[PDB]
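Construct all of the structure, not just a fragment, from the sequences and the given hints.
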Amino acid sequence: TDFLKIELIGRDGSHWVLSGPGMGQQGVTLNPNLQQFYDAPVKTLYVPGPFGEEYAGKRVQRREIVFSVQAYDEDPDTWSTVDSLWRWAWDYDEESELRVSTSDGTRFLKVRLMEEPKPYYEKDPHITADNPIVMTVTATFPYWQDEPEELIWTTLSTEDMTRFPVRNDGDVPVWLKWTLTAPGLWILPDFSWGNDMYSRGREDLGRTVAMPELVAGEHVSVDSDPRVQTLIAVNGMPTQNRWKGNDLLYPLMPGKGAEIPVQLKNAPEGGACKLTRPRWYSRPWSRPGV
Amino acid sequence: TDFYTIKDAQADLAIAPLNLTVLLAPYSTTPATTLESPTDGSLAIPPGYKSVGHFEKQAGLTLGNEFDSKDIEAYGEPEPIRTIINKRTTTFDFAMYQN
Numbered sequence: 002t003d004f005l006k007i008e009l010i011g012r013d014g015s016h017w018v019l020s021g022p023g024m025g026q027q028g029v030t031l032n033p034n035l036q037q038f039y040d041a042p043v044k045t046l047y048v049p050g051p052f053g054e055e056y057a058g059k060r061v062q063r064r065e066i067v068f069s070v071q072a073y074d075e076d077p078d079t080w081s082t083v084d085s086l087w088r089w090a091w092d093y094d095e096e097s098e099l100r101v102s103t104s105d106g107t108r109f110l111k112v113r114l115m116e117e118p119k120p121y122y123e124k125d126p127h128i129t130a131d132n133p134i135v136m137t138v139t140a141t142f143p144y145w146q147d148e149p150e151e152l153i154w155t156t157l158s159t160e161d162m163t164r165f166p167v168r169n170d171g172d173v174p175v176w177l178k179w180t181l182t183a184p185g186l187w188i189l190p191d192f193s194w195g196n197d198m199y200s201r202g203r204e205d206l207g208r209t210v211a212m213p214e215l216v217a218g219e220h221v222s223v224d225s226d227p228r229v230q231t232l233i234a235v236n237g238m239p240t241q242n243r244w245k246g247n248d249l250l251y252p253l254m255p256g257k258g259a260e261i262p263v264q265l266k267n268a269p270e271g272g273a274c275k276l277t278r279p280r281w282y283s284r285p286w287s288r289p290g291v
Numbered sequence: 002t003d004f005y006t007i008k009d010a011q012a013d014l015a016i017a018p019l020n021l022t023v024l025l026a027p028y029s030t031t032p033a034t035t036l037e038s039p040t041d042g043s044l045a046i047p048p049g050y051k052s053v054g055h056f057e058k059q060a061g062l063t064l065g066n067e068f069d070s071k072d073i074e075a076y077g078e079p080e081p082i083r084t085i086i087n088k089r090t091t092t093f094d095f096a097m098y099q100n
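Protein chains in written order, with the authors' numbering: chain n, 2 to 291; chain M, 2 to 100.
No lab work stands behind these hints, which were simulated from the structure alone.
Heads up, the beta-carbon is just placed ideally off N, CA and C, and yes, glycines get one too.
Worth double-checking, as some hints may not be accurate.
Calculated pairs, SDA-like style, for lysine to any residue (alpha carbon to alpha carbon, straight line, at most 20 Å) [what the hints assert, rightly or not]:
{"hint": "1", "chain 1": "n", "residue 1": "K6", "chain 2": "n", "residue 2": "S20"}
{"hint": "2", "chain 1": "n", "residue 1": "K124", "chain 2": "M", "residue 2": "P79"}
{"hint": "3", "chain 1": "n", "residue 1": "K124", "chain 2": "M", "residue 2": "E78"}
{"hint": "4", "chain 1": "n", "residue 1": "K124", "chain 2": "M", "residue 2": "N66"}
{"hint": "5", "chain 1": "n", "residue 1": "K275", "chain 2": "n", "residue 2": "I153"}
{"hint": "6", "chain 1": "n", "residue 1": "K124", "chain 2": "M", "residue 2": "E80"}
{"hint": "7", "chain 1": "n", "residue 1": "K266", "chain 2": "n", "residue 2": "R208"}
Non-contacting residues of chain n with respect to chain M, defined by C-beta distances greater than 10 Å in every case (computed) [unchecked claim]:
{"hint": "8", "residue": "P42"}
{"hint": "9", "residue": "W80"}
{"hint": "10", "residue": "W89"}
{"hint": "11", "residue": "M115"}
{"hint": "12", "residue": "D131"}
{"hint": "13", "residue": "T209"}
Rendered as structure tokens:
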């Protein structure tokens, strides 16, 4: 259909249109009955309670997408070429992109081979030259993503302050990334947005955390993502060591957004701040919500 | 070669069972190896075989051959390479009149 277009960018940069307009131009089409593709798998926890069990929170699970493709051509030699190219477009160590484009834009999922593919029919595939490949791919990050929004603020003043416009249009919280130049003392927002995950949802409404003073050449990446360390110095210095049990704790909650303040002081040569905000969605397509 | 010579069809080889009869014998009777008399090539029925008399004309006698077959197909071939006839069942039926 023209309302939905599914593409794959392989690990080698190959482009395949598996469904939608232009499907099968590269020889590979998408078969029906694809599972764990739309909604992010979330499991809920329950503890015993007075009336049965009480809700105790949710945990999102990694995606296990099991789907199938047809590799087809009129001649067995070119079918073999197409089948080899399709196999080359995948790996276990490194991930390939899977884009879904609809009237709500284009959202992609990074997927890798969970196990070896199951190709061909019961007989040798050169007879039909049109064979199915069963793919069991996995998404370690189960959220459908868009291109992250990047903002740059550079200044030549010793002391300066700016407001970054930030907004979470997705249905899941996102974690902000900062890239701060050195030297200088940076103060970054860590607003809770009403999140009671530390019982300080409104006490931390305007929370700002002051990063440690940076020496020359100590450019820092400050990622609030729990997967990675918060402070990473580009030169290998232990910048987190001089930070005294303080941290970025709060993601950008869905439906929330404001002009978050970033302050720079004691910067003899000015400074540059880069803000990266991810755009995570639980579905390949969804209308905006607020 | 012309078509008639290639065909080389003979009508005399068409045999019509103008008068048919069925003879049954107990299992202890020595089986009939042939019905041709060794001395003069006449019709010789072994002792112990007794006719069932008249039977229906419209029904006739029907001989049924039933084949049980299995298809052997190879991995590198689309059609079955061979067929095996596991067994061949023979039956015959007719409608006897006499009591």
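Evaluated hints:
no.	hint	result
1	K6/n <-> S20/n	holds (5 Å)
2	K124/n <-> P79/M	holds (8 Å)
3	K124/n <-> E78/M	holds (8 Å)
4	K124/n <-> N66/M	violated (34 Å)
5	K275/n <-> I153/n	holds (5 Å)
6	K124/n <-> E80/M	holds (11 Å)
7	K266/n <-> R208/n	holds (18 Å)
8	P42	holds (39 Å)
9	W80	holds (15 Å)
10	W89	holds (25 Å)
11	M115	holds (28 Å)
12	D131	holds (13 Å)
13	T209	holds (70 Å)
Figure legend: structure checked against the earlier numbered hints; the only hint not met is number 4.
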